[PDB]
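Shown below, as C-alpha cells, is a lone chain in the form deposited in one PDB entry; questions about how it binds or moves come after it.
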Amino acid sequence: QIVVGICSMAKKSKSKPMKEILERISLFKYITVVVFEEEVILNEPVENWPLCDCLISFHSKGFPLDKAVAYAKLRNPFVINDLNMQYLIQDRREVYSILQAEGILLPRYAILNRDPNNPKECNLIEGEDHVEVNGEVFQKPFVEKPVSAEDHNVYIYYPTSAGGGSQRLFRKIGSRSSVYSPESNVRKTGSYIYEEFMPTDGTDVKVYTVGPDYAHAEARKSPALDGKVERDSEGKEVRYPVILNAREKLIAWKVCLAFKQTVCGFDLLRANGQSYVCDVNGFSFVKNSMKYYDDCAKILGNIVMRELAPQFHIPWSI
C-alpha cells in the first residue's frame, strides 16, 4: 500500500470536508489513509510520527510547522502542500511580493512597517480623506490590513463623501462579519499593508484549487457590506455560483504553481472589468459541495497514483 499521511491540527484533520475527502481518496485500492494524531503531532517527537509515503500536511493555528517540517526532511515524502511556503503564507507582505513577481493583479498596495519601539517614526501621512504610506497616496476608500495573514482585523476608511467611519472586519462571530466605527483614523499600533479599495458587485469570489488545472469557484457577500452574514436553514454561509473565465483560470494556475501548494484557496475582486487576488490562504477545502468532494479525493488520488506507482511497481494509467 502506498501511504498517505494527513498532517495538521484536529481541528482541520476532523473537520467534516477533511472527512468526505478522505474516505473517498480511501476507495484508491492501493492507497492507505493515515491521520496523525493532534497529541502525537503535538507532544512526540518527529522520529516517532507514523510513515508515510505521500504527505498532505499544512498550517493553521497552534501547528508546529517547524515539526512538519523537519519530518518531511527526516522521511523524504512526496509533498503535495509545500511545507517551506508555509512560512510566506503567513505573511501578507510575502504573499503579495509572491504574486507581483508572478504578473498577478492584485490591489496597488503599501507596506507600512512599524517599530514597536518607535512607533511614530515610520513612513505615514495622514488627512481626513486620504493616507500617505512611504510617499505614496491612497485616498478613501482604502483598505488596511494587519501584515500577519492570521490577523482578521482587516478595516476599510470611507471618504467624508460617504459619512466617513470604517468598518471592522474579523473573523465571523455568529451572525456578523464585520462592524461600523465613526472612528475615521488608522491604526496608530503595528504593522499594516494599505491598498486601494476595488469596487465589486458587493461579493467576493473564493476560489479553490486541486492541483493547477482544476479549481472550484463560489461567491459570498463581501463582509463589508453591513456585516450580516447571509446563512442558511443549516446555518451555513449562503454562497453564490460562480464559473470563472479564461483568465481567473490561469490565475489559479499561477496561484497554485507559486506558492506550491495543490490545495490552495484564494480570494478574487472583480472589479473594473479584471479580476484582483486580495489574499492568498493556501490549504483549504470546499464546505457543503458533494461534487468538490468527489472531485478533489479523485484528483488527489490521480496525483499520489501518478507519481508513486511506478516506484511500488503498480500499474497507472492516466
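In this text, the rigid core denotes the largest set of C-alpha atoms whose superposition between the two forms falls within 1.5 Å. Positions refer to the first chain, counted from 1. First, how it differs from the form deposited in another entry.
- Just one of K228, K73, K236, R171 moves its Cα by 2 Å or more between these two forms on a rigid core overlay, and this residue is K236.
- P116 shows a C-alpha shift of 2 Å or greater between these two forms [criterion: core-superposed Cα displacement of 2 Å].
Switching from the form deposited in one PDB entry: structure of the form deposited in another entry?
Shown below: the chain alone.
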C-alpha cells in the first residue's frame, strides 16, 4: 500500500472539500490516506510524525513550515506541493518576480520597501491624484498591497474626478469584503506594492489547478468598488461561470509549474482584452462542486500511482 500523507492545519485538513477529496482518493485500490493530527504537527518532533510515501503539505496561518521541510528531508517522500516555494508565496514581491520571469502578464507595479533602520530614506512622494514610487508615477486609481501575501488589507485609491477617498479591502467578514473611506492619502508606515488599477467588468476570475493540465475557473463580484457580498436566494455566495480561453489555459500551466504547487489557485483580471495575474495563493480547493471533487481526486491518485507503482511493483498502465 502506497501511503499518502496529508500535512496541514486542522482547519484545512478537516474542511469539507478536503474530506470529500480524501474520501475519493481512498477509493484507489493501492492507496491509503493518513491525515497528520494538528497536535502531532505542532507538538511532536518530525521523527515521530507518521510515515508516508507521498506528501501533500501546505502552509496556512499557524503552520510550522520549517518542520514540514525537515520532515520531507528526513523521510524523502514524493512531494505534491513543493515546500520551499511556500516561503516565497508568502511574499508578494517574490510572487511578482516569478511571474515576470515566466513572461506572465501582470499590472505595472512598483515595490515600496520601508526600512526601519533608515529613516532618512524616502522613495515615495505623494500628490493629490498620484504617487511617485522609486521615481515612477502611478495616477489614481491605483492599488496598494501589503508586501505580506497573508495581509489582505489591500487599498484602492480613487482619483479626485471620481470623488477621491479609498476602498479598504479585507478578509470577508460575513456580508462585506470592503468599505469606502474618505481618506485619500496612502498609508504612512509599512512596505507596499503599488500597481495600476485594471478595469474589469466588475468581476474577478479565480482559477484552480490540479497539475498544469487541469484548471477550473469561476468568477465572483469584485470587492474593488462595492464591498457588499452577493448571496443566493438560498444563502451561498454567488459565483459566475467561466471558461478559460487558450491564452488563459497556458497561463494556468505556467503558474502551476513556476510555483511548483500541483493543487493551487490564482486570480485573473480580464481587462483591455488581456488577462493579468497578480495574486497566487498556492494550495486551494474548489468548494461545492462534485465534479471538481471527482476530477481532483482522480488526477491526484493517478499522479501518485504513475510516480510510485513501479517501486511498489504495482500493475499500472499509462
